[PDB]
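Number of protein chains: 2
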Amino acid sequence: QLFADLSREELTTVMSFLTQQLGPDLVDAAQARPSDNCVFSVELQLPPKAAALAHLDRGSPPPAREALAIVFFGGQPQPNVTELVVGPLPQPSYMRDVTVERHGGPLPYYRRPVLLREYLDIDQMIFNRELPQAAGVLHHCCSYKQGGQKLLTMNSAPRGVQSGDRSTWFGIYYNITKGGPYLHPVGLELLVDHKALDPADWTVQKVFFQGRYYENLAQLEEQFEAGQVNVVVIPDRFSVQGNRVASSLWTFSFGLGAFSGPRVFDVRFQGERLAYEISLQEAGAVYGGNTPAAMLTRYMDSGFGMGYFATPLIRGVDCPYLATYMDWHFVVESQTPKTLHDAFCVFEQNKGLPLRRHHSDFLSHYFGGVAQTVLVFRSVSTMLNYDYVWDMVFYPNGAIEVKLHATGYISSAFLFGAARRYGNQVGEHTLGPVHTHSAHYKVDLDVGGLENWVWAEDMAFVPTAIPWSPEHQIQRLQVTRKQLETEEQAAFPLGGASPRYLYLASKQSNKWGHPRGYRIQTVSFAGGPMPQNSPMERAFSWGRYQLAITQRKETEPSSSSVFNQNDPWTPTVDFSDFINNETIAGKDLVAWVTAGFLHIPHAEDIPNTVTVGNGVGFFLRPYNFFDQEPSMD
Amino acid sequence: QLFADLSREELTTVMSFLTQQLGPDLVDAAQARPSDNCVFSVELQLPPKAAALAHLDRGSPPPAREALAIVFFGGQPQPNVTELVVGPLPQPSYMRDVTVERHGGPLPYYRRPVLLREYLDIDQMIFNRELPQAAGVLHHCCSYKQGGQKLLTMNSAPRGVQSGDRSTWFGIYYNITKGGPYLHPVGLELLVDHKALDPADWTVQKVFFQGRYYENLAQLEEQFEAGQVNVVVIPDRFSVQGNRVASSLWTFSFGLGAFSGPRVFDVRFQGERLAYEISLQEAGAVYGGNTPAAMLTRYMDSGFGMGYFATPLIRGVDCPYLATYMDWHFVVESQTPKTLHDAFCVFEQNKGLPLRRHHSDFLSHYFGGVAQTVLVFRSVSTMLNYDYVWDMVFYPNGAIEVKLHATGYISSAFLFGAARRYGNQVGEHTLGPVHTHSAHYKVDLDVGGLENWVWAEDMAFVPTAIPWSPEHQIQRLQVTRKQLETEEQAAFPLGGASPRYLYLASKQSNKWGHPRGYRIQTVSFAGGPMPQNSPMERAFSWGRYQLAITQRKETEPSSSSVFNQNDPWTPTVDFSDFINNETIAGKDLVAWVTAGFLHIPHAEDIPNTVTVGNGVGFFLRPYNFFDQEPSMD
Ligand SMILES: *[C@@H]1O[C@H](CO)[C@@H](O[C@@H]2O[C@H](CO)[C@@H](O[C@@H]3O[C@H](CO)[C@@H](O)[C@H](O)[C@H]3NC(C)=O)[C@H](O)[C@H]2NC(C)=O)[C@H](O)[C@H]1NC(C)=O
Ligand SMILES: *[C@H]1O[C@H](CO)[C@@H](O[C@@H]2O[C@H](CO)[C@@H](O[C@@H]3O[C@H](CO)[C@@H](O)[C@H](O)[C@H]3NC(C)=O)[C@H](O)[C@H]2NC(C)=O)[C@H](O)[C@H]1NC(C)=O
Ligand SMILES: *[C@@H]1O[C@H](CO)[C@@H](O)[C@H](O)[C@H]1NC(C)=O
Ligand SMILES: *[C@@H]1O[C@H](CO)[C@@H](O)[C@H](O)[C@H]1NC(C)=O
Ligand SMILES: *[C@H]1O[C@H](CO)[C@@H](O)[C@H](O)[C@H]1NC(C)=O
Ligand SMILES: [Ca+2]
Ligand SMILES: [Ca+2]
Ligand SMILES: [Ca+2]
Ligand SMILES: [Ca+2]
Ligand SMILES: [Cl-]
Ligand SMILES: [Cl-]
Ligand SMILES: [Cl-]
Ligand SMILES: [Cu+2]
Ligand SMILES: [Cu+2]
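From first to last, the protein sequence lines stand for chains A and P. Letter by letter, the first sequence follows residues 2 to 634 of this note's numbering. Letter by letter, the second sequence follows residues 2 to 634 of this note's numbering.
Simulated from the structure, these hints should not be mistaken for lab results. Be aware that one or more of the hints could be misleading.
Each pair may be met inside one copy or between any two copies, as identical chains are not told apart.
Stated by the list, open to error - List time: in silico SDA-like cross-link candidates among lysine to any residue, alpha-carbon distance up to 20 Å:
| no. | residue 1 | residue 2 |
| --- | --- | --- |
| 1 | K352 | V375 |
| 2 | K554 | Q490 |
| 3 | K179 | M633 |
| 4 | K151 | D124 |
| 5 | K146 | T465 |
| 6 | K352 | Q373 |
| 7 | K196 | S470 |
Chain A with its partners taken away, still in its complex shape:
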């Protein structure tokens, strides 16, 4: 099991090894301060593909099982963040700093994600030193400390306007013990500068209150005293062992990236591998509004972590009561492994739609079919307000469906001015702001082996004389085919035109002489790429494409980075860089899919948005890969 996530035991071992080997004093990350040194996280380091295949296919010994550790080195003249490969598990003996060889240089400290202790300290500052200065205005709008509901804060990101910044607009909301505290904005937002290593030097650089901007809370309060601020009062058949799933028809290895999310490796249909890896790479949301956080937010969720933020699947609600559930173990912001109970679930679903069927007239007595049962692998990420359920469903005919379903609660903004220009009013003093939802997937298809080619097939109409009546013409329907040659030709612009039939194929043909292939059919209602003029769109440049094929490279494991979120102006990973006109004829190919939709909140979204529809994502379908409809057991 070389693709299995590190276990509770391996997580503890690496940690012990790190404490022992790291000369600079370490602090439990759950309690670390900017200036401390701490281990931010440790998880599996995926092995090199060649070594993994030599093992899986040729029985060579397994590749050294390694872990990747992200260390925040804040206690030093020039703090940095460092990635260390530690291995070979069970008992490590080396610790390799690979930061520079993977990024060209050091990782600046302001790129590290904000720590939970950092959030807790920002909150102590806001509730103990900041808000009381505006007690008067706060009693008026919100019964602050006078029986009114408790207040709580809401993060936003990126944090600033250029590289180096760590200034975040935190919004103030009623802690209504109900469906979404973020559905009750107060209209108060604070720009706190928390870039300094000593929290004692943090400050609020600006404040936004119900439509107006102020220098600080003391100015808001004193102008309110002077009767100059109008305050609005705000009311209220298969088995699973280790990391492998096995069914009569399918077989694959599953896992969860702490930052990347759900992933699957070594997918095989009837013994034949169709893909080395299929995994989530990034999920994002771009917001609009006339209040600070709504107008500035551009999320690249791996910065928080689709794995880290994964939640327990509710039996009977998220998965069937009789589904098989599996646990996940991780070490993120703690020096002891945590286990996430019921992080995954696998079960068989009856689509209630006949898979195959045909009927006829009389004394042709042989018509019927079978129902369509599919195998589902599921997990759920809960990022602040939205819940993302990730699906990978395997069909009995060799097809795979990968989908994203968004549910949860929407984040709201205090309504004022030209608010409707940025969304819809969904309550009193509340606007539901516009945003897009995007997801990116890495699809490493190895069709009939490693060496693949990309084919673009479509239709065309060409008028031609009718043979049996030459005086008449007929718009002749036909298929068009072109073997793509370079990456540039296989980078299809979001919302643009792309071949209706696009597939990756091996050199060998099926019995009938057609290239064996697996095509990709995307399903999305994406909203329109962010203009490249944005000083930060390169950090999520995967959003420029609906689909893109490049050469699989050991040096390009991901289309995004945990480090992009707190510094999109100078991205740590710019997916578009992977597209550099290389040949895609007979190479190990990787397909990357973008899927998403536009969300203009509406009244039906309150108190919670529902999963109506079949999600967003893609299908991988066999196209002349077999010589006929494949068997089924």
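The hints should help you fit chain P with the ligands onto chain A, whose structure is shown.
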């Protein structure tokens, strides 16, 4: 029950009345000859909407219940086809010829659909007088009358190259007891001219045999005698009463149009009507190939009948064993009513995806959700080789999903020459020819009443200085909104761009000041419109649009016609005619959706193609139609 399809009793009554009022000159259509007079079909005549609404909403007496009869008047100097409104049911007293007032003039005789007795006679001619003339070439390729498999014919359409023609290329295939006879072409096709009223004057105007054309079968045979033709040997929670479905949340009336297919009327959510009618209008397929039938076929299925050709749903396969099944009754090509057992089925499906859910960190103890159970109304049309399952699914949040799933067997063509230019080889001597699958729906939404407006909403980015940092800009995401004014502006070109949020709205707003609305979200992978240069594309001009909104007109009940198939060059109904720049501001609006996909057959399609995916069609979703998430029972 004014939307209910005519019952066996009413069907018998209308028929008795017609025999009585039309006298002796009548023959059972099951046995009629071109020159005979016969009743082709009788079914419900939908009532005027105003009268129906006055009855459903104001308790006015119901509209006269009537039937529409299509009579073939072939026994006369100038044969024609006539539509007669017969009524009031139970005991009819009048018979109104409405042909001229609905079409501007008489329906020419060659437009009538080919009768089953007509097909049977074409077959007697082919097997008794034609093929024997080529016994020698047929012995060789197919062991004709020497122990080889029986042969059978395959229809194609249109029939000719211009208005007035009734010449059809019939293909010859092995009749195999297995997975589809049309999967075994012989390479032999015959153009039979059956326009003449006396079958005795019918002739084969041309023959195609394995790549070459001939004048007739005697020429094929004698040239083969002359050792000049090389012959390839070819081997081998709710209740349903009457026509109304009732559930805790939904209520609607269902039915099946003999030619139009599944249909639903008076759809109500929590007592409020969302749509007067949602129904199938047409389904089509455009083929390509280098053999006669595949290069000429352009199907407009209503010409045969999605209702007429509907098949019994297989319990346990097409619908769950415990679903509720309903029968359908019809009079098509018979003088006695026929009943189609299990023509519909209704049941509750668990999508296996949580409808709503949210989770959190600690001591916010109130996270969970409910599973998503949906109501399904289903029926299946079996058109020759294709099986079309029509779904209408009603969600508990007010949303409706309408889909088409294609399954069954592909029609094949004998492989020769440039075959691969028109499809993929899927067997020995067999090509699976390219084709598109299209379906058109009539969606008569009455959002908050009859008077509706169309809104186009989308997103846009506009760079704006950052208030708290004026030296910096930010691509500001926002919503754009435009009230469409005329039909021309709401006719969105297939494959073109269209607003991401398009909805029909009433004059009244919801509690938050936004127009109450239902948006249409289409889901298709259509192939590209037939060029308007085609002398026949006007007959299916609905294929030009992804979506179109027009004024509901009593005079424009359907976007197609049973009579278009045998005469597309001079269509009886040209949908684009409905788009004539009228106002769409505050009128009874009707939305028409087109959905489809491209199908390049592949090996996996043999012996039968599967329904992997979620079909093609559209979603109708509430957009500020409610004041919050609707309740659920
Ligand atoms: C399509 O064919 C229809 C069937 O033949 C035509 O309709 C028929 O036209 C006849 C000729 O006008 C009518 O006959 C008349 O019937 C009355 C009342 O029954 C007799 O008293 C009259 O003598 C006779 N007219 C005369 C003196 O010739 C039929 O009543 C009528 N049948 C029906 C069922 O409508 C259509 O006219 C033809 N359509 C078009 C547009 O040409
Ligand atoms: C920022 O992050 C790391 C934390 O300081 C830096 O890595 C450390 O660099 C030190 C000096 O460059 C190394 O010290 C060496 O340790 C060995 C023991 O193996 C001593 O004998 C040497 O005298 C001492 N000096 C040198 C230069 O070798 C640390 O061992 C090393 N720690 C790790 C885990 O690598 C990174 O260099 C820095 N990042 C960047 C890119 O600048
Ligand atoms: C096909 O063969 C079966 C078996 O005899 C028979 O029922 C059928 O009528 C034959 N021809 C056609 C066109 O169905
Ligand atoms: C990529 O290379 C091809 C030749 O192989 C060239 O024609 C094309 O213009 C190049 N595109 C770019 C990105 O320069
Ligand atoms: C409506 O559109 C037609 C062409 O589509 C144009 O000729 C006409 O002037 C337009 N009239 C309107 C709606 O102003
Ligand atoms: Ca590259
Ligand atoms: Ca590959
Ligand atoms: Ca009109
Ligand atoms: Ca309407
Ligand atoms: Cl498939
Ligand atoms: Cl921006
Ligand atoms: Cl919805
Ligand atoms: Cu959203
Ligand atoms: Cu098809």
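Now the hints, each set against the structure:
| no. | hint | verdict |
| --- | --- | --- |
| 1 | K352 to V375 | both (7 Å within a copy, 12 Å between copies) |
| 2 | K554 to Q490 | within (18 Å within a copy, 48 Å between copies) |
| 3 | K179 to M633 | between (47 Å within a copy, 18 Å between copies) |
| 4 | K151 to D124 | within (13 Å within a copy, 84 Å between copies) |
| 5 | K146 to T465 | neither (82 Å within a copy, 38 Å between copies) |
| 6 | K352 to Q373 | both (6 Å within a copy, 13 Å between copies) |
| 7 | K196 to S470 | between (80 Å within a copy, 17 Å between copies) |
Going down the numbered hints, you'll see the structure goes against just number 5.
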